[PDB]
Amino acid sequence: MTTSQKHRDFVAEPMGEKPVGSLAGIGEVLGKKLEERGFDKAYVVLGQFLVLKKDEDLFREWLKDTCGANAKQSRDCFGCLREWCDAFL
């Protein structure tokens, strides 16, 4: 396993009301910027992932534009949502 333990913890269970910082790749800096833009719970970011039809490029660009995520942070966030959806959606 090459994912983080934080990715593994997120994809292991339904997300419920978990905050946005529970997503892999979303540290405190990115999480605050997301919260300032209304994306305060992980499920709101899932919503954007789903509205973008789970498209990696669109989602990772959206994350970049919205909170300034770098390539690794956006890859990690995407992969965490992608694997959560494969498990639970």
The other form holds:
There are 2 protein chains.
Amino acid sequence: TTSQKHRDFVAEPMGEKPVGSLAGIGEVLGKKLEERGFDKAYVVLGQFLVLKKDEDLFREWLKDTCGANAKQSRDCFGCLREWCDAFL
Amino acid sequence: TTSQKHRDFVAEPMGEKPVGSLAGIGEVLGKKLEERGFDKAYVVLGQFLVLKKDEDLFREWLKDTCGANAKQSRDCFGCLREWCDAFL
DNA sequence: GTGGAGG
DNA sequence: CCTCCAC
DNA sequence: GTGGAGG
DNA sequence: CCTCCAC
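Having seen the form deposited without the DNA, could you now give me the structure of the form deposited with the DNA bound?
What follows is the whole complex; the chain from before opens it.
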């Protein structure tokens, strides 16, 4: 249902974890994200929060920013959504 | 050194607290913030995070968005900065 | 609705 | 003097 | 560096 | 078939 990568991120405060620690974000996507400016998981969380946690908006932003796909954005989203329900 | 309002916010996860719960943000500023879209403390945290926690950038964004002043932006900023060091 | 900082 | 938050 | 989903 | 993440 959820990747191990997911749980690891949802398990504890991201603090300074890199964006690549985000579920759905690997070396390729992660790389581009950093270049676009979002060079830290928390920065992506900021964008998530800014888009008021809206799934479509966020996932669509991701797809437009680093080029994630259906599974990628879905996982990254659900990942943050859960982290927030856990610590925010 | 820090207002009571501050501590209350830095004490626990903002969760769903309204923007008016933010140190430095009262009924006047808070109101405008909501209208500009940021209708929830966490949304402001998202903007803070997006601006990678930069003091000037954030405080300047605040001043430009709701019209906070020197003390207002300073407190709102220090407020979030601490919350993050405490839960992010 | 007083007190006090910011402007 | 007026604004706006903290209490 | 294999396995498997997304495109 | 190629891309890109999860492991």
